[PDB]
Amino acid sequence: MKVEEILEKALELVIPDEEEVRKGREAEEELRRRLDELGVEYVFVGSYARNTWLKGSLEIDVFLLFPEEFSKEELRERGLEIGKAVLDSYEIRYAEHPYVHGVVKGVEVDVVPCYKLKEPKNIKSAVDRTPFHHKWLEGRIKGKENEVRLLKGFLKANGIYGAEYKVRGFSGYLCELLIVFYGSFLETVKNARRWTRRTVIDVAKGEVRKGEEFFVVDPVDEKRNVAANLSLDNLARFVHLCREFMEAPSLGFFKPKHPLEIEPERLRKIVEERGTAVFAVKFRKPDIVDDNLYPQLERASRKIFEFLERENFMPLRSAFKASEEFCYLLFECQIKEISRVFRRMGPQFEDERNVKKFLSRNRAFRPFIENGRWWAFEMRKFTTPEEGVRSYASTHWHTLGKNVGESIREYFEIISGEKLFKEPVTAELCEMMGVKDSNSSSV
């Protein structure tokens, strides 16, 4: 398994075959015909226009260039009108920038309105850079399509492809820029082994410097970090992957993993062995797009996690999951039970003013002096993490994300033990606890 021959075996996994290429061409041809009939200005961009889309993931991006004077409302109205007119079937769903997702002759297509700017220094809609990304790249990426494909496939197989909040990984465009900068997939991997959280890759200037954060300077706009939404942890995972790959290259790095079914009894024994409190907050998923939902789930987890820390249940990690109907916030804590009694610090013996007040409070036990200060024994409201979270979620729902909190307000429950193992959260549980041998790349 020489490094060179793994890469050629990997091409069979990332390069699309002829049936798929042909399906795209036919869809492309039919799209042009429909848009030409409407006499609107448009431009094919993205991975389809540069021939760098992954096998099995054919999608065509078509942009509509509208005059800059148009209001955001006019952009939306005209964009959606033309999108619906050009597509066989369609769905409209988005967080802020309007567009139309649909199908043409079996192929998936995004029709996206934007403003026809000259120069993208100061943009008016969030997508206005994309036509300029295409112009900058089209000449510099020829002959390197398969290198880009290898990089995307590599990232995708390891769950860090895509810059959307569900993933917080590497966008496709980002991949194309890395290939332009390093020349190939192998050189990107080799150099990535030495990236740090301070690395700044400036493709237009052809240099690597250091900065305050991991920054990939967009060649069409020096203020834009193309890796803005790449999390520190996924930056780390990738660097670690590149190091592992060179050490011992394998085709397995390009093979997707999937979770294995874990019998609830195996999970039970695993939790018993660990001796921790494992539990979940279950509630109804709000009907909102992934890009609104996941940051709220992230927020709600962190808020409850931080509550657990300061209440001394010593939480280990947290995770979350959205099924079709329910969201789950998962937790593991070292403490299943804490004493009802704790100690609160009082004033120095010196000032009888504050001492007299500190002692005036009626308690079940006598305060005491220790190391020159007064102290008292107080009693906790709850003594298990499940009790604490029940109280916390019932009264601090409003701080758990706009839509997530509102849902928690109407209903939630704390689930644990084997009832939790019957819920669709085993993969998140295995990942969170670091369970060995719970995934497989087997086909």
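The term rigid core refers to the maximal set of C-alpha atoms that superpose within 1.5 Å between the two forms. Numbering follows the first chain given and starts at 1. First, how it differs from the form deposited in another entry.
The comparison between the two forms, aligned on the rigid core, picks out a single residue among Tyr392, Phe412, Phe70, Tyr48 whose CA moves by 2 Å or more, and that residue is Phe70. The rigid-core alignment places the CA of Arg93 2 Å or more apart between the two forms. Superposed on the core, the two forms differ at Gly83: its CA moves 2 Å or more between the two forms.
Relative to the superposed core, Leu38 undergoes a Cα shift of 2 Å or more between the two forms.
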Second form
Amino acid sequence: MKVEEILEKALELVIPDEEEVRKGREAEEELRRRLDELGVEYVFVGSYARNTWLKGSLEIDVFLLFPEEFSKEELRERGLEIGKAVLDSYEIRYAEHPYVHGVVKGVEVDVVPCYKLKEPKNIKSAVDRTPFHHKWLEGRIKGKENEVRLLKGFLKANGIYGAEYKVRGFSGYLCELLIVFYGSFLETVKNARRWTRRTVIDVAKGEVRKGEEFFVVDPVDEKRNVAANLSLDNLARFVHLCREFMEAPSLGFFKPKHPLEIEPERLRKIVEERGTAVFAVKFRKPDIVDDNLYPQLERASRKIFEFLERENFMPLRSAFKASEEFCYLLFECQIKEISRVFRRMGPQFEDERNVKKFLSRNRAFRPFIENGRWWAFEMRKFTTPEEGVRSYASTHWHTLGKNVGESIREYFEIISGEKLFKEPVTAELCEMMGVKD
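Let's compare: the form deposited in one PDB entry is above, so bring in the form deposited in another entry.
So it's only the chain below, everything else dropped.
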């Protein structure tokens, strides 16, 4: 029941079984013939090429090497022609530039056009850097592929594995550079417990130093940070997770946690006990990709959250959730209702000019002096958090992200009470309020 014991059992959840490996070998085999029959210059990259793909995530990456001189237009057109001819079923995908996705003998395949270059300089898109990334990795990761899978499964089970915006976690590539550096999953974990928000891991120089931010320098390009999109809080959760695993190893660290759904009745009671204002802003999800949507959701929550704090509603935390249908921005505040009156600081008494202007304003209550300066009693246009956001969101829609903002400008409502407990947000709310059990 010590680390060694647990990892043996974990490998079973991360390493693909013969029937999954075989399924892939057969797709690769068949895909190679289709490509060779056309005399196409390609290279298999990704975790499939390096047998480091996590169980249940089999997907073959085929990058087509195109002459340096070609125009981006050719790469896409000839690439679209090739993927079309070699796949059982195809579908155009769009990244920095479009490529093709499809299936071959039952397995997911990406046919990506890229430039064939020597020396990282002259990379025109991220996809061009990939070949170099693969080259640097194949000779060094060999032999440690299951250590990579253990790390992938760990991060996945704990909701931090992708590097895309919906996760802001540790990309696959980052995982492999980590194993090449520490040597194994256990060593990465042990040392990770010592990581700070200032850590810098330079793989090429086999060094660790103090920087201005968490920075894992790319072996193929010193100016690039592989963990660039690893959020500060996700970094923190990881570090904390390593301390815990080492303090009490468990196979649970590799098993996805159950949704743990709660009955809305119990949620209602908890919000009651808390005495806070819990509400959400609902609008229609713009028809855009997660990579453009989630950052907008993050911006939206933040701007409204900031409106809540300078307006004295004492917000505790915010959250958000997207469905096929709608989007929700969640909030919990300490103040359900504030007075209409509030004090406004005015000029110091010896300032005859401004004092005169400050008193020239007609107010309902008459200003006073306190500690050498004038203060005025003012009245608010709103006295509840919900009342405030309905105002803010109605006039500041344009600052809530291009798309999300435009969607809220055309429609939005603030839900609270029993009506909120009935939305597909009970999970986000429990995580927001720490609801344990």
